[PDB]
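Please build the complete structure, drawing on both the sequences and the hints.
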Amino acid sequence: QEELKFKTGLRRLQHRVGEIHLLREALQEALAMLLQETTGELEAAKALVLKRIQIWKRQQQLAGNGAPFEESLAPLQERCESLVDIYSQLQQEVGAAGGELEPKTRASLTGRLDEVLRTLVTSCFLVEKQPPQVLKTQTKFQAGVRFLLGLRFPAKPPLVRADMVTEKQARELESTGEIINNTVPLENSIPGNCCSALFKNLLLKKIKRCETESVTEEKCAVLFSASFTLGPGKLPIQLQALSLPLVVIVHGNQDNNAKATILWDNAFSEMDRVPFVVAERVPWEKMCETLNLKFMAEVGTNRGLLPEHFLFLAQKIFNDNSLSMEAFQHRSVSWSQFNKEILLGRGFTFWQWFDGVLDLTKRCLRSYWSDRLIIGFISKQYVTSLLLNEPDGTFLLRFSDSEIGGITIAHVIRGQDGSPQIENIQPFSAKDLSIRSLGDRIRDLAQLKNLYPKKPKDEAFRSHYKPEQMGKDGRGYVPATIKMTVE
Amino acid sequence: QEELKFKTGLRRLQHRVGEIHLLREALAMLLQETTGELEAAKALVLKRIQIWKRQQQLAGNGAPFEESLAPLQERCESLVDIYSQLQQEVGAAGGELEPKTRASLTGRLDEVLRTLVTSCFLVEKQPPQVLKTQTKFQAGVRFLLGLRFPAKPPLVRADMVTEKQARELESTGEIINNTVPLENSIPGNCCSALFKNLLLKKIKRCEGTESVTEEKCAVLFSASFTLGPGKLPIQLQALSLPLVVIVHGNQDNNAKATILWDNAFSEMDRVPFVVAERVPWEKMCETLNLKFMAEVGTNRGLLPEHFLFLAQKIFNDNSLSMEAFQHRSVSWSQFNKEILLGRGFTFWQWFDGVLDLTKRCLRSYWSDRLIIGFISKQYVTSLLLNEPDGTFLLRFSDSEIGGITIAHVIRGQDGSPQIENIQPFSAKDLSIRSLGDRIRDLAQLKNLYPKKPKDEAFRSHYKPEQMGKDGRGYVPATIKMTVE
Amino acid sequence: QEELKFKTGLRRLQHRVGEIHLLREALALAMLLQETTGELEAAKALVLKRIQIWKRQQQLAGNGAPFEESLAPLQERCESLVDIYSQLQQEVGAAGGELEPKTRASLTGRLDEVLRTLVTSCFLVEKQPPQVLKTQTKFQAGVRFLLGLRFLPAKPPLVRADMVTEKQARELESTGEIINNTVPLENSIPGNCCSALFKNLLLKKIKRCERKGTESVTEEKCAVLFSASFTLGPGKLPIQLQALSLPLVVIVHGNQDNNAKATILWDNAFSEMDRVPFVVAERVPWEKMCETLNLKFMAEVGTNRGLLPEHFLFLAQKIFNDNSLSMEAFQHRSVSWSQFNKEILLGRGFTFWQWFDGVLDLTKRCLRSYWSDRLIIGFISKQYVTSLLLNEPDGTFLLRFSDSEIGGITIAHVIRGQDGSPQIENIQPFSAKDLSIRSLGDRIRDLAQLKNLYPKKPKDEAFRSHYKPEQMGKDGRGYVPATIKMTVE
Amino acid sequence: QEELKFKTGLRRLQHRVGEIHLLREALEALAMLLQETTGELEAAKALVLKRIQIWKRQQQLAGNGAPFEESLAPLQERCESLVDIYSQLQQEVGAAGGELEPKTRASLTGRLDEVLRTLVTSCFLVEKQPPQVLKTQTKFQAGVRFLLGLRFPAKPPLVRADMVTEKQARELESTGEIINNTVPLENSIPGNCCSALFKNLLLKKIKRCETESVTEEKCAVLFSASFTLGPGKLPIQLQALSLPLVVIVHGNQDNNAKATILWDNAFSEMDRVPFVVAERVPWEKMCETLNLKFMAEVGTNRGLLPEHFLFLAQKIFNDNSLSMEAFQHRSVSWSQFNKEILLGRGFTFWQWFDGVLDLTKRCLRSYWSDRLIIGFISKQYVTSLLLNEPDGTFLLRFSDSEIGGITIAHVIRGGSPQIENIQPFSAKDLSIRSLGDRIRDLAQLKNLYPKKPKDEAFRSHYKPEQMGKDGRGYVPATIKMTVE
DNA sequence: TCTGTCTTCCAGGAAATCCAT
DNA sequence: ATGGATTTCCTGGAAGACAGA
DNA sequence: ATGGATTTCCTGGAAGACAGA
DNA sequence: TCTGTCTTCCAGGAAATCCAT
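From first to last, the protein sequence lines are chains U, C, G and B.
Letter by letter, the first sequence follows residues 125 to 152, 177 to 301, 305 to 324, 335 to 372, 376 to 651 in full-length UniProt numbering.
Letter by letter, the second sequence follows residues 125 to 151, 180 to 301, 305 to 324, 335 to 372, 375 to 651 in full-length UniProt numbering.
Letter by letter, the third sequence follows residues 125 to 151, 178 to 302, 305 to 324, 335 to 651 in full-length UniProt numbering.
Letter by letter, the fourth sequence follows residues 125 to 151, 177 to 301, 305 to 324, 335 to 372, 376 to 579, 582 to 651 in full-length UniProt numbering.
There's no promise every hint is true.
[Claimed, not checked] Non-contacting residues of chain G with respect to chain B, defined by C-beta distances greater than 12 Å in every case (computed):
{"no.": "1", "residue": "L283"}
{"no.": "2", "residue": "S336"}
{"no.": "3", "residue": "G416"}
{"no.": "4", "residue": "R437"}
{"no.": "5", "residue": "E567"}
{"no.": "6", "residue": "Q590"}
[To be verified] Here are the simulated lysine-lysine pairs, BS3-like style, with alpha carbons at most 30 Å apart:
{"no.": "7", "chain 1": "B", "residue 1": "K205", "chain 2": "G", "residue 2": "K595"}
{"no.": "8", "chain 1": "U", "residue 1": "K526", "chain 2": "C", "residue 2": "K544"}
{"no.": "9", "chain 1": "C", "residue 1": "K544", "chain 2": "U", "residue 2": "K647"}
{"no.": "10", "chain 1": "G", "residue 1": "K647", "chain 2": "B", "residue 2": "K619"}
{"no.": "11", "chain 1": "C", "residue 1": "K284", "chain 2": "U", "residue 2": "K367"}
{"no.": "12", "chain 1": "G", "residue 1": "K288", "chain 2": "B", "residue 2": "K367"}
{"no.": "13", "chain 1": "G", "residue 1": "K284", "chain 2": "B", "residue 2": "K288"}
{"no.": "14", "chain 1": "B", "residue 1": "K366", "chain 2": "G", "residue 2": "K636"}
{"no.": "15", "chain 1": "C", "residue 1": "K621", "chain 2": "G", "residue 2": "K647"}
{"no.": "16", "chain 1": "G", "residue 1": "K636", "chain 2": "B", "residue 2": "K595"}
{"no.": "17", "chain 1": "G", "residue 1": "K630", "chain 2": "B", "residue 2": "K526"}
{"no.": "18", "chain 1": "U", "residue 1": "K366", "chain 2": "C", "residue 2": "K284"}
{"no.": "19", "chain 1": "G", "residue 1": "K647", "chain 2": "B", "residue 2": "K526"}
{"no.": "20", "chain 1": "G", "residue 1": "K288", "chain 2": "B", "residue 2": "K284"}
{"no.": "21", "chain 1": "B", "residue 1": "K595", "chain 2": "G", "residue 2": "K630"}
{"no.": "22", "chain 1": "B", "residue 1": "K366", "chain 2": "G", "residue 2": "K367"}
{"no.": "23", "chain 1": "G", "residue 1": "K647", "chain 2": "B", "residue 2": "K544"}
{"no.": "24", "chain 1": "U", "residue 1": "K199", "chain 2": "U", "residue 2": "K398"}
Hints are computed from structural coordinates only; laboratory data are not their basis.
Cβ atoms here follow ideal geometry from the backbone N, Cα and C, with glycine treated the same way.
In structure tokens:
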């Protein structure tokens, strides 16, 4: 760990402040005018903590896209409080003596010190609960900011305002839409041991869009503004904190495309960058990492995609028919390839498809998938090759490549004299499975004997069968049920 | 017709104005005093107006409507014409002895004028009788004498009033876009103001046992002129039919019933908005039959047997003769306020349940008279035990809101013939697979009661099997229905 | 085609008979191949089914629908099959000794069975009698025997015809008897046909089965039965040939014709392939009724273009007493036989069919030309004409069939211009007699007030072709022509 | 008159039979002289027979509409009287005896049974003759009467009816057969008549001998019977022949057939051998018959005039002469009447005449009886008649060029006057729109020749027209007539 | 015991046959 | 070359027979 | 001919606010 | 106190407008 080295380094500063106090006491100057040069060590530690803050912010960006998170944000508050503590004792020691230390340096010392105070508090202003990165108009949402140094400061609490800014407006350094209930006091919770402002009720009334772009790919953020003074008055500092970039939508149907933009950004945003610039193309392998993470995060599964899958995916998106997991790995993929370009005569983009299967699996197949009963991704070619060698009654489940959000059964026919020929059942949508679960639909069909390979259907899907009640309840009404057939 | 009598009497009136005009060649007269008979004609056209309003009220429920409102405007125009000629004839006279008779006459004349104009202000296009908040709707008024009264259009205003506020003679909920000019369309030969865009933002409800959804309101149209000879001021006001305003779809049903009750049984010219608490069950049957045929969209509706079953249900009566119920009365509380024994819903809620089900999914099957629709489990058991194996019928579920169920007969010979009742189908159930198709699926079902063979009956409702292949490269997967 | 499937399979059969003949060079389980060469039975089943199809086509032809008349290739199929049967039987017959005794017998059984069924199915009614048939009036009928050119030479058989009722036809006497009911089944080499034609036939008296439920006499169905026999060596199994006609309804006077027609129409339209004689459904999909009605209209009128969606809507309304206004409401509907011809229209004194056939005869007799010119709306409801014509100018008119009269057509026109409000007037309907006196075109010419045919066609332009020329010349001799024109007051 | 001659002469005979009874009772030459009164009886018999022949002749004349004393009741009475005195007288010879004057007594029985025989054989009459023009495969009737039937009981004798030809009838090869030709001669006491009526007679088919022509072959039905009345037996065979008839196969032969029959009935010689009739006749008698038949078939009380007969003579004789006295002593042949085409026409005189007969009977009886029709004229004489007349004068004449057509001639305009003849109207034309109505339509027709106004003349023949709107919604469409 | 269904009777139009023009 | 003559077939009008209620 | 993109209307599910029994 | 009444909130069909390089 990196964490302990820090406190030892802090121990040094506490010893340092003790020393200077003791000295300014006994005096009452050649050096210790020079001991004040140890506030450089303070400003050093501070910078470190600031970088540390940046690291968390990056971790937050990746939380969207579901990456493990040390979300707590509680100890950083302690680090900062400690720093402002020794700032306090330093400025105070400068306060006395009081003629036992050279006056010209008073300006330099107070200068660096109020400087580090300034920068620290302006950077201790964090968005802790980010607003939804994909955000629908006329729908209520929340966001919450946190001030780490609130617990050390009583003068009237400042009020944080939230305002819609565009990427253009955000670079700098007319409303573009008004936000209701965007006035909240930055309140101080002693039992929560936190200083925070939560906007439990936020609404976006109207929306204004700049002018290929697709609207959806238009990024904005909310600006949290505040100001508060510390007596002696005033030299008031204006606090502002920006959110992660968000896409504003008007209806559910835009959700898919929007998700992609945010996804992309979250993955590939620079740790330090201009709002809101991101790369044009990326390594295909890191894209594989992101796709796996989002898959596992949204489906709600502990185990996700495999190499063969990634291969099939590469094949799909690149239109490359290659067979080696090593050919594609050293390749770049652009955003336009990802979500802007139609693929292979189909009517939809790669992402639109992937998000399709994502929704299908989350909604109806999570159980089956975690049970590793679905191959999920393959070429029709590879099912023909894999299944022709298999006996009559062997089948497998694959995602439909032609329909968005569909899953289809492939099985082997026929036994004995006819040479085996493979059949593909038309895909099931989320609705089709809501009407009758995949497991049960599978149950109806007697003709498939084994799930590829060598696993018999009855053993595999025991847990997914819905029990048929039997009986006449009630009262008088014999249950009517639907089974599924092919011919 | 009474309409024709009107024409006869009016021809008499113009002949009469001819009489007085020629009599003015004096240059005694009780002729204009008996020509005070104009007031009679006025009363008659006013009655006819009352009748048209009643027809529109009954139009609220599905009914025939003579909507035209053109002949009425014509009648009115004719009458204010003879009034005009009358007044002008009275004006130009010596031998107005005594002058007091000039006074009494002028009084009578401008009085009938006033009452005529106050009665010519009609709601031609009524607002929706059950009305949801923050939703756009329309309404339009008509003034029959607008073509005679050029000055600037008045611009009628529409305001939400409550029943309490309506008896009389604030801000209960307000309406945006509630100001429209009363325009005079010469190509239409009509004076009318249509509110093409109206919306109600908020609603505040009067206050104990009765549910909100029976609270009646109306929109009030106000206007004024300010028509020559000046001043001649008279304010026009017209009330709409009573309406019930709702906040969400889930109240719709309960709302409809209130309006229905009101439209069917509102007395002519009642104080707003009184209606009887109980009515003859027969008239209720007429109303129910009408509403059923109207909402389903069918020319053939309920039968004696049906009405009997309904009477048994609503009265909790075990009687078996159709004549027992005929001289019976039925209350509003029975109609929509009393839960049905052992059930979770009121009678209206159930009836409208089947209304919605049939409208949505069964209109065709019903029109083909393949559904009994109404029948008790008992009578089906009795009817079906004597029938052979595989004989079935369709009946509405008594237990579920908006459900239809199959009752069939199976005889094993070894085991005595017994009735089986398939679980009822909801509208969703039928959207997933059609009734015809479902019936096709069940092989055991042989004959629709009585005699009719099932395929012959349901030929027209079977969906064709697509079979074949696609798309592309994909074999169709189909869902069929079974019982075990 | 099915034809190609047949010829390929037949080529296979002849190749197989080649194989078996050659296997006889052994002179085995190769006659187990003989047991699969019993696959001839498949081909038999196929040609029989095709016969069934031809019979069905004839049935629908009787209703004015397209027909493939020929029956020559079918006879060829039959000849081919009895040929391969013949060589097969001769092959089983020859080389008996090696042959297992049970197998030879079982085979012979299977084979002569397929022969028997083939010939019992080769006796067809080729020229049907009239489906609606009047007593003591001459009609004709003709049967054909497809295998007649093979068995004939022996003397030609009698081929007598007898009137049977539906009752008698189910089974499996003398309801009414017929003169000239015996003909020789002659063998015409120039025609390549064995056929027996009844050039002369007359039905003298009809005794009618007993009816209940008000079942009108005119819906009682009967047929004529053709019987014949040989007695053809290879003896000695004389097999009796019988063939039934299409069901027909026999009437006594013209006034029944109309009702008779419907009974036939329904049956022809909807008889379910093979059935016990003579059952047909009581109710059918309204769409199929529309198909049949369209077909019959075009057939009896004699026009290539018939009814439209809007017409069918009007008809659905009429027949169903329904006030619905959407063509989509009626589409998944059923219609019963009682509704079609047994239920009187509530306003009307007549049934739906009677009215419809009324317009059929009217258009046939006087209006085919006008209809083919698409100058007649033909089917409309006065309400819809009022709606359509009120917005139109003075002198705009249309032609619609009368709802109150059987076989009547009426003019609806729009008057009057300017101050008076527009009102629709309906001229009294014209009967066939009325039109014989003076043609529709001429009548329309006479009336000056109607200027435009709906929607915006000028009257003279549209009806130019139907105007009969007036004659300037006076004849004869010395006599000036007297002419009759039409007015309304 | 003759009735008296008979009854007084009969009183003589009865007085004498009383006389013989008294003298034979007084009891040889007496019987010889008293029997010579059977001489006055036999005289009387011949007399009554003549009266019968006269009636038979009148019946022949009954066709062509000549008044008829059809009754045949008094004649029966006369016959009954005669056989009554025959009976008692013959009986007197039998009873008075004892054997007196026997040798001659045999002779007595001879004369007596003779007069009885001739009497009964001549009392066998066809009372209801069959149609003289008779169609094959058609049901017809005929009835015979036996006048002495009430005096003769042994079973009624069979009466049979058979089709005979002229050749066969002379004497003294079925040639067409008759169904239902067997009827019993029944005796009606309440009707006081002995009769046999054949209500259901039909001629199945006919074979005709062979010059010219079809419709000229005359035939008859022969009624045969026998009794076989005591003293036995000397059975006497009764036969009666009908009037001559022409047998036709179709309606279109009717005209020609009629002529033949007409001729015969008019001109059949009394006592003539069947069935000879004259070849030519005086023209005046021909005019008489023509008038009789005209009034008879049209159904009118007043018929043809001198000028008409003149016009007819002119037509048939091809003569252009102008005096009614010229043609009067002329004779006309059968060939001229019906066997000869005239001039430019394709038809005979008779075919034309019966043509106008049918036209008038069918459509003009009313108009003709009202004397609004000239009926017969030449274009020549109408031109002479109308040129001098004012603008608007017209008349009606039968078409000479067409069979069964009537045409309007008028004098317009009216410029020198010039004459027009409208194309003739057939019976069909008049069925489509009545003559009266057609005349109404034409505005130019002002006066019926002469000095009579059209409106006054044809008021009653005008049909009232509505001229109303019904029904329902259907305005009547009417057909009028024009010429240019 | 009338209504309505069913039938038989009968007039006229179209047309086949033969003819002698 | 078509007119006449002589007959049969056959449609629809009209009215008679009859069964069902 | 047209398909896509972008927005609003409105229905019915679900759950939150709430008054009265 | 709490249940059932009443309301607000929000997802997703249709479907209107505009554009379409």
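A quick look at each hint next to the structure:
1. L283: holds, 22 Å
2. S336: holds, 25 Å
3. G416: G:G416 is indeed farther than 12 Å from all Cβ atoms of chain B, at 19 Å.
4. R437: holds, 43 Å
5. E567: violated, 9 Å
6. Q590: With a cut-off of 12 Å, G:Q590 comes too close to chain B, as the shortest Cβ separation is near 4 Å.
7. B:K205 with G:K595: Roughly 48 Å separates the two Cα atoms, so the pair is violated.
8. U:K526 with C:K544: With Cα atoms ~44 Å apart, U:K526 and C:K544 exceed 30 Å; violated.
9. C:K544 with U:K647: Roughly 28 Å separates the two Cα atoms, so the pair holds.
10. G:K647 with B:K619: With a Cα-Cα distance of about 28 Å, the restraint between G:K647 and B:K619 holds, given a limit of 30 Å.
11. C:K284 with U:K367: holds, 24 Å
12. G:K288 with B:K367: holds, 20 Å
13. G:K284 with B:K288: Satisfied, since the Cα-Cα distance of roughly 23 Å is no more than 30 Å.
14. B:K366 with G:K636: violated, 49 Å
15. C:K621 with G:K647: violated, 59 Å
16. G:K636 with B:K595: Status holds; Cα separation ~21 Å.
17. G:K630 with B:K526: violated, 34 Å
18. U:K366 with C:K284: holds, 22 Å
19. G:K647 with B:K526: holds, 27 Å
20. G:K288 with B:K284: holds, 23 Å
21. B:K595 with G:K630: Holds, at roughly 21 Å.
22. B:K366 with G:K367: Roughly 19 Å separates the two Cα atoms, so the pair holds.
23. G:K647 with B:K544: holds, 28 Å
24. U:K199 with U:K398: OK: U:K199 and U:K398 at ~29 Å, within 30 Å.
The structure fails to meet hints 5, 6, 7, 8, 14, 15, 17 from the earlier list, while all remaining hints are met.
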